[PDB]
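Trainee: Listed here are the chains, written in short residue letters.
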Amino acid sequence: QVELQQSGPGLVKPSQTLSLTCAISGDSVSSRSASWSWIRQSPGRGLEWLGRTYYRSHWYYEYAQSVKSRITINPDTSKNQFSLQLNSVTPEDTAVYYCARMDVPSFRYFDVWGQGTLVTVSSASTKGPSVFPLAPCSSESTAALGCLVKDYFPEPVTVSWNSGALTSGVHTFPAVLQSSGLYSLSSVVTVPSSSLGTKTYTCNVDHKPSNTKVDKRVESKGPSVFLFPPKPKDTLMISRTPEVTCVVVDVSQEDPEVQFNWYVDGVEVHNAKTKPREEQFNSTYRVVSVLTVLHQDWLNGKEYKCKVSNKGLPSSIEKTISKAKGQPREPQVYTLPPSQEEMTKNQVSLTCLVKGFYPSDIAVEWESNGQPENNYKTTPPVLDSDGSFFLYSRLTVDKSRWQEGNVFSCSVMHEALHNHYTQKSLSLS
Amino acid sequence: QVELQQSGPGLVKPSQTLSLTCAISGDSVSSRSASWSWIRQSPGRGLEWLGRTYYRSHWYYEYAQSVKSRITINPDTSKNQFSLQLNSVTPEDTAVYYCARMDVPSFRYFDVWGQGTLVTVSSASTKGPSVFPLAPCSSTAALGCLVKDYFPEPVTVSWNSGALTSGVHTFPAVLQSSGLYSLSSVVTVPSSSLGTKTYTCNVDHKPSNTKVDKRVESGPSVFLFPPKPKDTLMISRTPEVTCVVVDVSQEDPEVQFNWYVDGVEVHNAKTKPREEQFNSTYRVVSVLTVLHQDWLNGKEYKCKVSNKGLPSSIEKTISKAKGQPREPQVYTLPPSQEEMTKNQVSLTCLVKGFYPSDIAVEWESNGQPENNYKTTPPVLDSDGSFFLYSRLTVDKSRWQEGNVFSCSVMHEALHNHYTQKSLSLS
Amino acid sequence: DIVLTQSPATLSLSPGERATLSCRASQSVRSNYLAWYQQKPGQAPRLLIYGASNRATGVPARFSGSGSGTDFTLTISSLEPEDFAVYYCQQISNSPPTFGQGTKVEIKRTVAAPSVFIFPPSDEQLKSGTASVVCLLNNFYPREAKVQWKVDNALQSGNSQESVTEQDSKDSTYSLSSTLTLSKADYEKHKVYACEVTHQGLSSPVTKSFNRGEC
Amino acid sequence: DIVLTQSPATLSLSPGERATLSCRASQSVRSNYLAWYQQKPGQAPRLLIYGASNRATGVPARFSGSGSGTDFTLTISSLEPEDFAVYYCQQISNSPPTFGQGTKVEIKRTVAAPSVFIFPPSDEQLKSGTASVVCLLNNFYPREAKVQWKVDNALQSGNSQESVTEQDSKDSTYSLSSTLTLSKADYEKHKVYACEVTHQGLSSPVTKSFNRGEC
Ligand SMILES: *[C@@H]1O[C@H](CO[C@@H]2O[C@@H](C)[C@@H](O)[C@@H](O)[C@@H]2O)[C@@H](O[C@@H]2O[C@H](CO)[C@@H](O[C@@H]3O[C@H](CO[C@H]4O[C@H](CO)[C@@H](O)[C@H](O)[C@@H]4O[C@@H]4O[C@H](CO)[C@@H](O)[C@H](O)[C@H]4NC(C)=O)[C@@H](O)[C@H](O[C@H]4O[C@H](CO)[C@@H](O)[C@H](O)[C@@H]4O)[C@@H]3O)[C@H](O)[C@H]2NC(C)=O)[C@H](O)[C@H]1NC(C)=O
Ligand SMILES: *[C@@H]1O[C@H](CO[C@@H]2O[C@@H](C)[C@@H](O)[C@@H](O)[C@@H]2O)[C@@H](O[C@@H]2O[C@H](CO)[C@@H](O[C@@H]3O[C@H](CO[C@H]4O[C@H](CO)[C@@H](O)[C@H](O)[C@@H]4O[C@@H]4O[C@H](CO)[C@@H](O)[C@H](O)[C@H]4NC(C)=O)[C@@H](O)[C@H](O[C@H]4O[C@H](CO)[C@@H](O)[C@H](O)[C@@H]4O)[C@@H]3O)[C@H](O)[C@H]2NC(C)=O)[C@H](O)[C@H]1NC(C)=O
Ligand SMILES: [Ca+2]
Ligand SMILES: [Ca+2]
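Chains as they are written, first to last, in my numbering: chain A, 21 to 449; chain B, 423 to 848; chain C, -1 to 213; chain D, -1 to 213.
The shape of chain A in the complex, shown without the other chains:
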């Protein structure tokens, strides 16, 4: 894998010359398939290509019109590198500069990029940072520590903790330019409160422009349950496996090990598959129990009760789920072509109206030429004045595909349909 390594100072005095170098590893600067390029990025102007150098039995140079009078990109075949020279810089040249490989004459994509160099146009002198500790003044399991890095110029600084050993819970804030014209930022880390007495925490600040590395030791003085039904498609297909899912969140580390007891119409069952505790990013635990349900049992209105017991709750949390009670009603399925007013667009809407169904549990999918179409959204079921439900499904297709006469189909799975399935086609007349 080809690598580009950028070097050169980012701080340039106004009217002076910006000089950067891009060292290539894994490819040749003389490659007949590559173009060795420079691209800059700034908020507001965005990504802007500056130019390229490339060899095709002769060295060629191409530059963006805006910088043509001040730019030079020179290859060096001895060191396998290429440079950027931008003369008479102004504050408008402040940006991140990247070198990049444009490759393959047939595609000309930029597949390999340098790390970028932050270029600041300023007459101000380079100044290394001062670093101060951030420690609490004086119950809580987690503590925060940090370092305040200030009075430096230009950007950037790199901050590490314990020489790079500590990365978890580290937040290094973006720098802010102060009224003094110097930058300031803080780097923080959250650590276990128990470790504060035995473990040391040191921030390391690298400021390459001033060639300084600064070290600073920083010295210091519930559960919820959710019960999910099976997916409507699973209950209606004998080849699919319907399941009810019990999820426990906000389980604490201090009070773990949850007890899962199930009840099918009040009768305890012991075939559930309980997964082990999973630690979350917010330091809590999540536990999941999955109970395979019999297709006909769910469809006949059986009740599935999940009882959860944990030290965090005195009264055991219970949740009960079942299919909606009431007489099942067959859905009517209608396909509607795009409006003629929508034919002015590159993309058109294919509509599927599904109405008169009960219960609201339903599955709607789209297909074309025996393959699933995924660029659709279906509304939730909506209650009609007659107690039944309706919804609409909208498939977005390229106008060309619709105009070509391709047949699109809306498939619906519901318990009140014959063989739990119906399909309705839609194509241009």
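Please note that a few of the clues may not be correct.
In silico negatives: residues of chain C with every beta carbon more than 10 Å from chain A [said to hold, decoys possible]:
#1 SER5
#2 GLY14
#3 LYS168
#4 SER181
#5 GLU194
#6 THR196
#7 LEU200
Straight-line C-alpha distance at most 35 Å; calculated DSBU-like pairs for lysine-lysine [unchecked claim]:
#8 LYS125(C) to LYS738(B)
#9 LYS233(A) to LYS253(A)
#10 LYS253(A) to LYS796(B)
#11 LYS102(D) to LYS619(B)
#12 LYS365(A) to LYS106(C)
#13 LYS322(A) to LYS241(A)
#14 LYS233(A) to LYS182(C)
#15 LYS88(A) to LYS99(A)
#16 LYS397(A) to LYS339(A)
#17 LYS796(B) to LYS397(A)
#18 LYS744(B) to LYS102(C)
#19 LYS253(A) to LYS106(C)
#20 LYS636(B) to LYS144(D)
#21 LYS187(D) to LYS206(C)
#22 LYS730(B) to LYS189(D)
#23 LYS187(D) to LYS549(B)
#24 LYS241(A) to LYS331(A)
#25 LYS253(A) to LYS295(A)
#26 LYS189(C) to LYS397(A)
A few chain B positions that, by computed beta-carbon distances, are all more than 10 Å from chain C [claimed, not checked]:
#27 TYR483
#28 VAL683
#29 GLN746
These are calculated hints, taken from the structure and not from any lab test.
For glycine and all other residues, C-beta sits at the position ideal for the given N, C-alpha and C.
Starting from the known structure of chain A, arrange chains B, C and D with the ligands on it as the hints suggest.
Mentor: Here is chains B, C and D with the ligands on its own, set in the frame of chain A:
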């Protein structure tokens, strides 16, 4: 060693008699070289000799001319003591009275003295002190005791029964306008000792027989709703933000609402009285009228809920969805030919690509509203905009007659917040 | 130069949702010369799609490109939290190569209240003549948060600055620092230093404070 | 009676200095019958010199008496801080025995700033209907000190009383108490109670305060 111990009350009413006793240890009251004396001291008159008793094979008595008519000094050979009796006292007799040994005929110096008795000539009654601790509100710390409203002087103040003497300052008493004395006694101690060591001031007021030892130490849920989309979009309508409090108990005090617009408190909200719910809890609603343009410009509305008397609170803040508004595209779709077998058919209105999701959809025909419709909630699309469908059910005969039906949409990103799209059999 | 107009400028979606990003060209672009890039904070753009529809090396299957002429689309079939990035389209059908202005993809997640911490200025900084008091709001969602500085219960204004981290690629949260800057003289004039935080995840504002002299 | 006139009435000297105290008699006094006494606060006078020139029992060598007839002198060769006292001459050459009016010896020392402390009224006293607020100025020199009471930044007048200790026998300092007396009603009307101290040892006045309700 020779010592003199004085006793007797110092408080004497005007015209009455002062009586003090001096007890001798280490010498005899009958000593042929000694004269057993009384001397008083007052600011202004200074040290003044009152007289003596002395034995020279016979008891003799010599008195200062100024007190001769009222004084007696009597020896007691059984107890080795001598007394002072001063009759018909006046305020001019207020002083510290000392007994003393005058010794050696060749020199007649006063080598041994009693501790002194403070004598106050006053008709005022004896009153014991009130003792209060002096401790800071929140390396060296100061503590003390305020000894107030007592009469007469003196009081004796000690710390930890006399164990603590270093850093102790007992101030002179001041006679207050009430005619009662007041003083403070303080001590500075290491701040580190405050947690382990105890500090007690001991106040003794012999006239009132009082000894004081003073230790010196030192539910409900809230939901906040935005205005109805049509209300913010029509200048003739009144948009309002609704703050709802649920799970209020019958015994709970009055629910108080504080409202804020971009942090600025407003006082025009209309709070409705508490209402009991079927589950025996109570529900309270506060409604705040908002200005159309303020809501559309992203102003923040804050409802703070608390109970009268109690200090805790629940806060909620609401404002319009953040993100670039986008104009809805409105398309009307006729019924499917397969639906033409029914007495009633569906007229469809597809509204898509709008942002924010706040929208109102209605139907009309021949300048009159059509109410037999249902609209889906807005659905978030893969491009971050929303879409919905509205379905108007009409009699097939009305559709077939060529009646023109219209889908009306109100959204902030539409010109004049309104658009209408017609649909008829063609 | 060919102009590439990207829509929407910002896209906020939950993990598991489909994302659709549009790129509209001012002039027809030959499909082989239309590419898509993904740029994460502090990194160079990463080639995602080339030749309008070809997945680049190491690019997950959830990313796909489509379109032709002037209308191109990048689809993320099922969003992952690590997909937080700015996505750019790029053309080289006609020289010079040009880029779109990007679509910033933000990841929706459940509301998370910030964990609040207050830091007094160190004795070392105090000796230099400046007192910087720092308030940290850790791992919260949404990004909207209010921080108020109170010095001896008096509300502060114009003497504090805020900085926010970019959305975390794993937990989709933000962190925020608020720094109150005072001279050593103005700092020693008062005792109680407090930062009051207001956020959607907090039922009532959270105050973290310290008393100058107890540190 | 024989009158003894002592001079000077007051003598302020540093430790190590020689102190010369005079006693002049109105009639001739037989030398054997002229004595000197030293009186320290709260104590009886102590016999120092008898028979004009004899040091009494346990009296240090720095004390010496001289003179005859009508002119007597007490000399302290090299003053010690514990020598702070009032010195009296006394005669018994002719009855009745009489005393001089004394010479008060004060000790000079380097300037010492007071350590200031404020005490709120106790809850126990508050119950009785009176609030006594006490300000302490500890171990200072010289005696001159200014104490100002400020209640909600308003200067107080006629509602405070001062009391001073006698010069310390070891460190030659003074201590002072200032007591502000208010009714319970007038006390609960205000919040900030402060005592402001002005002294030679302080570069700028020192203020000690408390907020009623925080105690
Ligand atoms: C005792 O009984 C109380 C009253 O209950 C009502 O009456 C009984 C008989 C039943 O019929 C109930 O179904 C009925 O609600 C209960 O109060 C309810 O408490 C719950 C919380 O426990 C509240 O839930 C919250 O609801 C929000 C939406 O609320 C709107 O929509 C409801 C219909 O869907 C409607 O009932 C509400 O009145 C409300 O309607 C809007 O009102 C505004 C202002 O007037 C109008 O401008 C709008 O047009 C109305 N819109 C509609 C559609 O009509 C949710 O937003 C909210 O969810 C949010 O927070 C949760 C966390 O709590 C998140 O998980 C979630 O993702 C989301 O962000 C929440 O679900 C409910 O609103 C209360 N009902 C009323 C009427 O106030 C008590 O709970 C109950 N106590 C006990 C112990 O049982
Ligand atoms: C610590 O972190 C935990 C983990 O959070 C996850 O990870 C972080 C990094 C972020 O990415 C989070 O966004 C992410 O959630 C938190 O756990 C979450 O707790 C909240 C409650 O505080 C839970 O909310 C509830 O969600 C229900 C819906 O849940 C489905 O959909 C979610 C996506 O929208 C999905 O994340 C869930 O996994 C779940 O998915 C379904 O799972 C079933 C079973 O496997 C499948 O069959 C379905 O196909 C899945 N569906 C989809 C769409 O994928 C809501 O239903 C629920 O609301 C109900 O109750 C409330 C009252 O609480 C009512 O008001 C409301 O009307 C309704 O009835 C509720 O909102 C959330 O699910 C938890 N997340 C997970 C993954 O478990 C902890 O909260 C957090 N702790 C702290 C203190 O910060
Ligand atoms: Ca190549
Ligand atoms: Ca508008």
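Trainee: Against the 35 Å threshold, does the CA-CA distance of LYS796(B) and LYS397(A) hold or violate the hint?
Mentor: holds, 19 Å
Trainee: Taking the minimum C-beta separation from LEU200(C) to chain A, is that value above 10 Å?
Mentor: Holds, because the least Cβ-Cβ distance between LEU200(C) and chain A comes to about 15 Å, which exceeds 10 Å.
Trainee: Between the alpha carbons of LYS187(D) and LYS549(B), is the straight-line distance 35 Å or under?
Mentor: holds, 31 Å
Trainee: Taking the minimum C-beta separation from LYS168(C) to chain A, is that value above 10 Å?
Mentor: Label violated. Min Cβ-Cβ 6 Å, cutoff 10 Å.
Trainee: Take a quick look at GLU194(C) and tell me if its Cβ sits farther than 10 Å from every Cβ on chain A, holds or violated.
Mentor: holds, 17 Å
Trainee: CA of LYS187(D) to CA of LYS206(C), is that 35 Å or under?
Mentor: With a Cα-Cα distance of about 30 Å, the restraint between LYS187(D) and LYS206(C) holds, given a limit of 35 Å.
Trainee: With the threshold set at 35 Å, check whether the alpha-carbon distance from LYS636(B) to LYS144(D) stays at or below it.
Mentor: Holds - the C-alpha atoms of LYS144(D) and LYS636(B) are around 31 Å apart, at most 35 Å.
Trainee: CA of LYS397(A) to CA of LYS339(A), is that 35 Å or under?
Mentor: Since the Cα atoms of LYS397(A) and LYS339(A) sit roughly 30 Å apart, the hinted pair holds (cutoff 35 Å).
Trainee: Holds or violated: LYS322(A) and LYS241(A), Cα atoms, limit 35 Å.
Mentor: Distance ~60 Å between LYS322(A) and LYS241(A) Cα, so the pair is violated.
Trainee: Could you grab the alpha-carbon distance between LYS102(D) and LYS619(B) and see if it respects the 35 Å cut-off?
Mentor: violated, 40 Å
Trainee: Within 35 Å, alpha carbon to alpha carbon, are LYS253(A) and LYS106(C)?
Mentor: holds, 27 Å
Trainee: Does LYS295(A) sit within 35 Å of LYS253(A), going by the straight-line distance between their CA atoms?
Mentor: holds, 24 Å
Hint compliance for this structure: hints 3, 8, 9, 11, 13, 26, 29 are not met, and every other hint is.
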